[PDB]
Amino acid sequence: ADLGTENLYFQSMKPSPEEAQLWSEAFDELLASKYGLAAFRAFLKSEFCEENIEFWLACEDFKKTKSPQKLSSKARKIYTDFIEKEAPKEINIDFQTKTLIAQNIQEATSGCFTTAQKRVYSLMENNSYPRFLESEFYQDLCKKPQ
């Protein structure tokens, strides 16, 4: 086979078959793995619905925020990207969840996006994740060579 620089680079970003197989155990496990996260995002991007997972990741970064100053500004950015009318990464939430967020941006807390996040989480967990696991792409990641 090839031990060329290009190919090695690409192999270095593939998970082992072993670790990919473990992503079937639980959604949280897929997400806690850097490779599993990248795999899931690529599956979703191929189906033009990567915004849910990008949304979810930004809410995780947001939850970990300990400053009220940057917590208000992160909330405005998340809003701009994922929540407002015609946002590039617009998610599907109800007009009344959006309202509450928009109402809360000024005095944002760690749970500004919990309602929206949980909807999006459960969306992915019960929907895109099972489809991920059945994909030809994920199967090949799990296949041991030879």
Given for the second form:
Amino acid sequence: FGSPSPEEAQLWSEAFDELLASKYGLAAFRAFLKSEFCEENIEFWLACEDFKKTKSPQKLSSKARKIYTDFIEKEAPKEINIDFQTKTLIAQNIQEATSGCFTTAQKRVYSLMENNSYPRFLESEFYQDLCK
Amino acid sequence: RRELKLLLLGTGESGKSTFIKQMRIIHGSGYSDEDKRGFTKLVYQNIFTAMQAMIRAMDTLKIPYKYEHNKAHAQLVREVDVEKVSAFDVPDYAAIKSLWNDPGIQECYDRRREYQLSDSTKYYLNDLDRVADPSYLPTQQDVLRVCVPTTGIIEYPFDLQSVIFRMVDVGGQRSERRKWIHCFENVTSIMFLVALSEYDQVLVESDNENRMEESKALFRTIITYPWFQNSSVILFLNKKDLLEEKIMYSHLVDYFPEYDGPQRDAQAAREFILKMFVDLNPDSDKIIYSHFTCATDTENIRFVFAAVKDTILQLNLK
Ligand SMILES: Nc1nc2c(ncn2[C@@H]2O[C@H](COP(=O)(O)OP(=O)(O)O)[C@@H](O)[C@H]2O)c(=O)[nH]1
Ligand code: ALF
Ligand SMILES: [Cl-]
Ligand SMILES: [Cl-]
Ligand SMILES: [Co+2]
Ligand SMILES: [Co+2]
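Instead of the form solved without the partner chain shown above, give the structure for the form solved in complex with the partner chain, please.
And the full complex, kicking off with our chain again.
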């Protein structure tokens, strides 16, 4: 099981958060981003949302490295589309990383989906079929 | 359903997505009275972003604000969650208005070649009154001017009379170029955009690297690809209007010391720019069709995309 009602899925149009609230809605949106080769934005955002809540200064420093290499380091496997400014802003901060290390970039990437991939998800046939 | 695929390739912000927007207007989905409402929020975000950019440039370049209360105004602007913006506050209107009309910000704006600032900054801030209106509908020209980065690879299919052109928007930045692989099969024609206005800027992706030197570099590579030997290659020297502004104080000769032509001429400058790009071609039998464009003008594009329709048909039909 796991399926959403059409009414439930229609709510995902209200805003980007109504989708992300939805466990399934999230699964669908990822699938979409895969189809257009920019799922790295959503993974990274999810990666930040956990990092934000990290407690111990060990994990708070070794996850700090995990994220950097995966998304920020140039030619990184999952390099996200952001500025040299912001990328360097991070690079320096990572020695003694705190919760608010990536939160600058997190916000951009969210906007970068909000204003771009999210609207397209809504104009997709997979979604519109789901609203029936 | 006779289908032909077209790639819109080009560095960051050469005007690729704007082209797609203009396709939709000339041969497509149309931007209804309503449609337009959807963009408002992003026009707002653009405005805030641009100003947030100029405020850093004040620190970065150690340019002082003329009026000292504009610092606390800039402080307020500094600290806006740009995503959470849905309406336009009178205090935020006051803050931006105030800043924009500060001669220190205006000095900083003049030096936008030294930093990251959307090309649409001035268009919006001068019509800030029109924007700030609580009953604001964006014009279509407003929509074209919006700056929204493309990430990944998106197919935008349009049915012209005879054929269905399948257009593909991609990410211009270095980070996205590794993804372009995923759209290279089965390509009738590349449409390679170049910002004409970019001859004196540096790259968002790295410090101290000339934007046009990038494009030349990239164009050469694309051309060089063997799976593109039977594709038509059409070059678009875009942002020609921004070139008419720029060449009257930034001197091409200081960036490309080859340029033996005269200064303060848009035309003679851009003809040189074109030569530069055409010269990067090795293959002598391969002919490179070109155009000068302003992507934010619909009446202009129509005499180009009606013309480019005719070219691509004649090439890959008869
Ligand atoms: N003034 C002017 N602005 C343009 C022109 N073409 C694009 N722009 C603007 O420059 C930015 C780049 O457009 P975009 O299509 O996002 O570039 P892309 O990233 O390569 O798709 C947008 O804000 C456009 O409105 C042009 O010919 N003249
Ligand atoms: F820099 Al782009 F779409 F390539 F905004
Ligand atoms: Cl104030
Ligand atoms: Cl005030
Ligand atoms: Co005040
Ligand atoms: Co040959």
